[PDB]
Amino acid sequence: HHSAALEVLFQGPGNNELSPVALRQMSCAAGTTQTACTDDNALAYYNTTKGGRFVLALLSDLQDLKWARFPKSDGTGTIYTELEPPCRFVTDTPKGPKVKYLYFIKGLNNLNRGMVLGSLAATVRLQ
């Protein structure tokens, strides 16, 4: 349904084991408030487990986002997730440098924030 994006290493299933997981990415609608989430304007990175999707972070050209909208598990409605203030970084593209803003989901711990930052740094070409 959606494409693989950022590889990470989660602990488990046993103690002191690491398992590789591909975070997937999907287009999503974000905005300054829930009802401003209309047109797709961001890319969300998420993990999938049996119970559904867990979103870790969003990338966007826009710097004023605060909320993102996602489909619920099994087309059963809508979910809204609150965002942290963004960090700015610059990518290298065929059109020149492109400024991006990285938003973590509120309530993401620092280990997982770091895994997103490192896998992004290693995967996308940076200016």
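For the two forms, the rigid core is made up of the largest set of C-alpha atoms that agree within 1.5 Å on superposition. Shifts are known only where both forms have a C-alpha. Numbering follows the first chain given and starts at 1. Compared with the form deposited in another entry:
- The Cα position of residue 35 differs by less than 2 Å between the two forms after fitting on the rigid core.
- Once the rigid core is overlaid between the two forms, residue 88 does not reach a Cα shift of 2 Å, moving by less than that.
- After superposition on the rigid core, stretches of three or more consecutive residues whose Cα atoms move by at least 2 Å between the two forms are found at 48-53, 74-77.
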Second form
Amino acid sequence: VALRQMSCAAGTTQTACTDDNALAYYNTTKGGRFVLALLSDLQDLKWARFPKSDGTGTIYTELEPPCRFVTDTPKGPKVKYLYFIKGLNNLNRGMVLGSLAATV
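Form deposited in one PDB entry already given; the form deposited in another entry follows:
Excluded here are partners and other molecules; the one chain stands alone.
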């Protein structure tokens, strides 16, 4: 199944997660949707925060230290930061990496 991306809130601490300032890659299967990684312009992110499906509150997902990579833009180069969800397996790491490098 193809990787999907969606805006989400992230922060250097959990309380710092209020506005949408990253993109989440997620898979959807039988079990629901599973977020695999975050892409952001910010380099200090530690937590991603998601609106619970049932509207009962929020989920905090721990991030790994980011990988840096450069992309060209109409305004020139720009570094972006890829945060895998902590403990992400290798198959899912690959899917994010191949989706990312492909589109960009």
